[PDB]
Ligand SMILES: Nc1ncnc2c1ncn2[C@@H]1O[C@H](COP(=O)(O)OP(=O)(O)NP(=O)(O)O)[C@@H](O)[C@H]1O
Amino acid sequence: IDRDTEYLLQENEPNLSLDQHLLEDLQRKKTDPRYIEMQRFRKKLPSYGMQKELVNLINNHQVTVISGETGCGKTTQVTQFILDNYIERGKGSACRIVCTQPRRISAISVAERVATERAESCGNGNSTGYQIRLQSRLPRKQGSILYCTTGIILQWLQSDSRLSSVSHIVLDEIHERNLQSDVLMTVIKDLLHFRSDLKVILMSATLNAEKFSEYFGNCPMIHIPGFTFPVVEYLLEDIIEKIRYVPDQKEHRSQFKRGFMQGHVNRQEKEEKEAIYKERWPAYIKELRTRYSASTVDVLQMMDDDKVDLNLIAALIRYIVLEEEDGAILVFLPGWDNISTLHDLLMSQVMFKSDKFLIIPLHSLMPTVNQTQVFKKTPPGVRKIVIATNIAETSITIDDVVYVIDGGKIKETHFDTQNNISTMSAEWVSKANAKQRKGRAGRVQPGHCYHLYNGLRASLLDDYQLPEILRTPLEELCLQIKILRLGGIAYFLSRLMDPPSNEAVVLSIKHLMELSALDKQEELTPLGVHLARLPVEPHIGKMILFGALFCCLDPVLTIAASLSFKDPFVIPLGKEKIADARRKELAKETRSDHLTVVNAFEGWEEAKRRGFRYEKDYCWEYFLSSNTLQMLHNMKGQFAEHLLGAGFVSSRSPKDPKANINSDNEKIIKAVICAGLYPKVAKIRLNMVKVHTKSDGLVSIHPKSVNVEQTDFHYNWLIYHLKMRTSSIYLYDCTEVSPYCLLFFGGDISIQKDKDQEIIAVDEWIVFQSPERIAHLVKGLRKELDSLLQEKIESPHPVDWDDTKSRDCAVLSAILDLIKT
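Atomic structure of the above chain by itself (the form solved in complex with the ligand):
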């Protein structure tokens, strides 16, 4: 059933006796010192001045766009303006306001900020609360504001597709162009025709907010103006000159291989622009030598385009602290790895270890609230340094920021449709992002923004980042569209504000079919309904889903985490060869790059029990990035409580013993890997080591692979996750599997005979010898599992592996028996 439907399932029932209660409470608030102090902060915001022009536009029209500068008050104020208007007109009980957020933490932290501005507690029957998935602090039924995530709304449309209890819906941060926000807009636009009463407010940062107006039929639009002080900008040349930066010698040595050998993408029109860059480079350097010292130019020539130089940021921070006037510094970094690294770099220095600095890492997976004291002001003499990702570009505003360090990089998903490769990587900011970052420094006074890219690069940046719909694989979206009965997949996507390419759509639908999430009429299978309940890429979904079904949870979640993000191995330059020997050491006899990660991870936990010296000694002698290991560990946790939500495990812990009974069985883990990586399958050529593919002919093994020199495989088949082309095609990480694993989790099953041999074909190209009875057997077992999955839709509960006679243990045990041939 559904546990997060309670604010939605209450009926909107206005009550004049509550209309009076809310208005009397409104004037007792006016006497409360906590309340008046918060009101003095609110009147300073530009939104306050426009308070009633905004509410008149909202009240006269059904769809409204509100643009404004960042920090003007959109997220925290507009809901209050609506609610307080209805209160003041004695119509308070009629207000049920829903405000969608892009991230859980936003929903929570905003609800808590708003509740303290109303001088109330959050939830507990007061005016404001939040609902995220699995966790809520709900306000009262009527006259209330609810902060939720777009994910919640999408679940809500399963039980009430008209959202009839809700009076006003506010779509926040829509300029971020998240997938979910983009489809929600399209759903909402069609809803308007059936809900005369419903009011919709779209809230966007100023840039291109007209586009949303035009998608909605040229709805009214209103801009909240703000003032930003002028900001001095600096490119890399300027920073290098100002601080006379010199990279370290003894630090930089034994540099960490990447590009092809750690598996990067290098798409089509990045290379076209990068051909422009290397052609304009000599002329740019010669020019620079006229305006900058020789040493500045010598350093810049040597700068690495791939990584953010965290030592330069550390230097630059130190210069600002010592040479510039008071003011908080804000640092923009691509992701969590760099944030914690920079943090550790700073506080490895005795200067910053003082109480005259407040150094705050800030990111979306951060615990609790933003109550971390990001917002609190520093007394004179103490300097606040905030190290963040792009969520401080628009979602969050720190008022006292005066210096902004823009690392120049942002993490983007990307998807190449011609060779069918989906990557995530650090990419250059756009001009639009760079302009938003610069503005965070002009909020209270004249500021400074230091961009870590050179003049040549600045001129070649893209003007805007592309919406995720145009660069992200579409499989999760497509499951949402059918679970919501929105109709044809391709047809619906074509109606989006920015419709995806048709090849992206066809590739995603094919993938869901090969995964058995859709049948060949493009309709949900029992398995697909469960995959849609998981907020992960479906292939990762199927794998972690079966890791719970087959009771091998802990190693599966590890592999799933590494496929989702990346493996923990690093190769220092020149140390390639002995690093390969340690990798194949961890491989033991598995013939599996995936079980290597598992062995490396399991070794790491037992090593961290034995103390730092033995743990650091481990990551060193076996070449693991302990930073990477930690995030994988944390993704394991997330995957677990994903499973907890869908009802497949009874606990939030991945090492829970009841879900781990088969975790030491190599055959079974390999079956589960196969569940998620099919149809990427290769047939090994018998006695260079090369393998046949359905896609690409004869291909080779990537040299990082524990199977690259291997000639004693014990089965004929491999599965791989990542394939990449340079001069030819190479498989990155592969795992030898039995034909019986393919036969169960694979495509359509067919039988051939003639005179000589009994043959089973899977998807017609995968052909092995075995008796025809086994084919009828797997046909039967597949249908029994389908019904196990169907009947766990309506009341999901984890399989109990301690019950003998279950009819779920019976079928899965039979399936386990079959894949153990």
Given for the second form:
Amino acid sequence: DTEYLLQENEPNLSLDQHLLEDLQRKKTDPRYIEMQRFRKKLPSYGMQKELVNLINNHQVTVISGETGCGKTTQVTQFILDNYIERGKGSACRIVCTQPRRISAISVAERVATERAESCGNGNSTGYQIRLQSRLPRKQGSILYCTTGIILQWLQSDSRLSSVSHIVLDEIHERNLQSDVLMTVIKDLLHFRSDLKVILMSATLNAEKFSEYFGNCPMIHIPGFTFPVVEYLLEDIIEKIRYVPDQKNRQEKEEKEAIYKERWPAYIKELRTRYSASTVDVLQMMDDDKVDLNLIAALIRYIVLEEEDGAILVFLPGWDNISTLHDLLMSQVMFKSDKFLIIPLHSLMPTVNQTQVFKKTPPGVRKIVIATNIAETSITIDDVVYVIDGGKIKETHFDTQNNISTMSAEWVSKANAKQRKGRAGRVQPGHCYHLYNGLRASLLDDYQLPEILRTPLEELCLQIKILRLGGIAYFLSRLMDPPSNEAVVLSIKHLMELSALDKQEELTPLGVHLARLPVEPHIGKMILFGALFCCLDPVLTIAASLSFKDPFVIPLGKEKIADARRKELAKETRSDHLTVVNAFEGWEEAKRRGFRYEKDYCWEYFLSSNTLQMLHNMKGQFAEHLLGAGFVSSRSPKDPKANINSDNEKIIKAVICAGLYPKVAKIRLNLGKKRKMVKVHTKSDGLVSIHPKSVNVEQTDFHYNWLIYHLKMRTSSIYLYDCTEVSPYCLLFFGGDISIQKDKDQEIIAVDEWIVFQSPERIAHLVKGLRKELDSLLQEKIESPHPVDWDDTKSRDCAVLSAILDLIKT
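Moving on from the form solved in complex with the ligand, please list the structure of the form deposited without the ligand.
Coming up is the bare chain, nothing alongside it.
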């Protein structure tokens, strides 16, 4: 994925002349001319001279423009075309980062079109994302990529030598990776004077970026929109006469308190300007959930009562998107071939985000159901109607309880304004917001930056792999530095994962974990899934921890669902293996045909949509492992990586590799039916098992130890998903080993509180094996290749076989 980077930037006079002549021919080309007239309508085009002069005269510049300004497709072109016009065309190598893969591809393909060229193929414009590229010509070129690709590039060339201009787009989004890239770039530019840096924001709050970069020049590009009418939840209900089918810590609590206090009076005044039935329906509305039936009813109204145009729907996540898609397709209206209904979500297959293609006649109407990714520059043609569900998925991090969650939260005003602007690019539009007027007045101006709300482990490994020095020091230099407590927790988890040594340097395991673009506990799990040849069930479990588990509890069926779930557990005493068995049973049912598949899901109360998403994530995980050289195939099911996939002990040991140090000691029950099942933890004292767990009532445990992933605190701490494991799993994959005796007995302690009976020689064996495993992983840093398990005698097989023999007890 580094091929463009490794190219050397070498200006050429002959190429300068040739490109200047290429421009002359383009000026006469009907195709090019037609495209130029489209461009001239964009506000960016009109100030092109001042943008290029600012960039040419200053090393760092900040560009702000709102929706429709055209910065993302235009500014790269302005630089290249200015160089070409000046007879310096070959001196340009322009790289522009995008927040998502689909944006990189879509923008690059659109710019190629506007230049009357195909994308890649040695032409002026192309893209690079992980494992897929259309690369432009070496000199006088534009490359769209992701932030991830730049971070990868910095491992190979930390100077970004051959780049003349780096354009960081959509910076207002404040993604973790953008913030770090920004600090890295700031350090580089001070050292190398020939790099131009251009920072682009879609919102007008960009002064902070200018200050960060030393109060560098700023410039504004006007947005472009036709007028868009906005509707609140009151207006929508009133307009369509909606008939229902039925009937993130302290500063959120503050805002809800204010909402609650202003609620009665808001409602009271609302009865002044709206029908009584509207207010009563609005009053019944659930704030926690987007109402998908309302969205269906609104789409129905638009189609029947309003003018032609495409409809864009914004929903928090995959669950909502697939649910609304099924809901629409279950109505004979939308079954027609005059509707095209397209899901858009970032974790579906690559150009399975299919929404770019020229839509076929407008006798057929496009309905795009998308996440917040449709807010960015993406080609969706002819949108007259935007339905804003009002929510966005956000990660939050409770550092006092060490709990990280993903939830749907209210959009900011900036989000809402971007969604509004999507309806006004073609003709006068309509944007329907599913929040009420009181909610609107209480939205935040902007979202809190990710760096403040997110676990830092993945970022910390990036810092180390890029040799940026001390972790806490670097993080303190970011534009918004994270809290000390988030930093201390992050560094601690990485040491307990054995990713960092006590001196905060990468271990060989850590090097490999840094090469996997997932959280390190997931990375460690899938890595040992690869090394131990468990791949398929381990990837299932990993996907399940990353998104969520497939089970649902329908009303009235609670007791029945719990029994079916425990049935799926069999004797494993594992929530994680329960998901494996569910998943395998589902796949087997799928082969027999869709009746059997739906049947299986109703029998075990499984979400088909969740299962499908888990399956897609598995493929991704395998791709990451293939690129890191730990598997030879992109198939989770590849026979050679699955020889151990039926072995319960081996899979359990891999789950333990991933989830340590989240470890609990069982408090023995002693046939007391009046006492809840509880467990001891290092950090939290005695806690409870969640009722959803297959172990919640278990009296029969074969070992004394659990590992868990999800912890929640309501009136007290509950463990959501846990797996019984043998002490040998903790012994190999856990913390420091110590030996103690007490007379007769040989004792081993792991991280000092995990204490069990075991011969002293086992402790020495394990210390030996850990070091041999380090050396194995060390050798693969420079020469990554999958372990060949068909060659015994190989000494990699010897070491890994010995580890497997140990954790089989």
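Positions refer to the first chain, counted from 1. Take the two forms, find the largest set of C-alpha atoms that superpose within 1.5 Å, and that set is the rigid core.
Enquirer: Pick out the one residue among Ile509, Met424, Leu460, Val187 whose C-alpha shifts by 2 Å or more between these two forms, once the rigid core is superposed.
Expert: Only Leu460 moves by 2 Å or more at its C-alpha.
Enquirer: Has the Cα of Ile489 moved 2 Å or more between these two forms, judged after a core fit?
Expert: After core superposition, the displacement of the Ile489 C-alpha between these two forms stays below 2 Å, so no.
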